[PDB]
Every structure is written in structure tokens, then in C-alpha cells.
Amino acid sequence: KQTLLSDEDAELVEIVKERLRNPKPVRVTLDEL
Amino acid sequence: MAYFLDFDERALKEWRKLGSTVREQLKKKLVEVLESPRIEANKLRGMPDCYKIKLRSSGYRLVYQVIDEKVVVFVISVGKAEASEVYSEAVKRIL
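Those sequence lines, one after another, are chains B and A. Each step along the first sequence adds one to the number in the entry's author numbering, with nothing skipped, and position 15 is 61. Each step along the second sequence adds one to the number in the entry's author numbering, with nothing skipped, and position 32 is 32.
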């Protein structure tokens, strides 16, 4: 089949977990963006 | 919106540093996930709670996490990250 996920994901996992430990989420909507 | 929208503080600044039309594309890809965010096709490799959306032509991407407890799409990363030049440039410290 081959995966839809790839070697890009290998980088995205380190970025997400990095910020995840202390990102500070701000509650918004798309209309206000 | 079924799911609410949340953004990482760094990610707020991330959309500001990229093209205006680029962020709007991401926003529309967000309105659809805010209805149904579990797009298993776009799942990340390692984090089952996270998915990646990407812009076919623009080359930018967005990574979000689906928080069911708080019912919110929490975008963690916005901008360009990739596979290609990650290998090409690789490092800048220890060769």
C-alpha cells in the first residue's frame, strides 16, 4: 500500500511534542483570525 | 463549529510570519475539521491525536491535535516543515 504518512512526519512529531509541553493555547474562532 | 478553535502562542506568531492567503487556506481546512477533525488519512506518524494538513500548491502545513475532553482543535504548529531539506541540510552543529 505504502503509508500516507512519510518522513515528513518524523519531523512533525518532534515539533509537536516540543511545543505541546508548554504552548499556551488561546481560544479563538476562524472569523476573528 | 462543533469543535472550538485553539492555537499555540508560537503558532499565532507563525501564521503572522507567513503569507496572508496561505493562512486563509489553512483556516478553511480548519472549518471542515471543526466539524469532523478525525481525519485518519492525515494522521501523524507517532502521535495518534495529531494530524497534518498541508497545502498542495503553497507548501505550508499545519499540525493540530484533537482534544476530545475540551472539544477543541488545538493547532500546535503552523508553517513549513518537511522531509526533504531536513535530510539535505540536516544539521548545523555536529557534522
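Heads up, a few of these hints could be off.
Looking from chain B toward chain A, a few residues come up when the C-beta cut is under 8 Å (computed) [unchecked claim]: (1) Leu51; (2) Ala56; (3) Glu57; (4) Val59.
In case anyone wonders, no lab produced these hints; they're calculated from the structure. The beta carbon of each residue, even a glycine, is placed where N, CA and C say it ideally should be.
How the hints compare with the structure:
no.	hint	result
1	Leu51	holds (4 Å)
2	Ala56	holds (7 Å)
3	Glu57	holds (5 Å)
4	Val59	holds (4 Å)
Violated hints are absent here; each numbered hint is respected by the structure.
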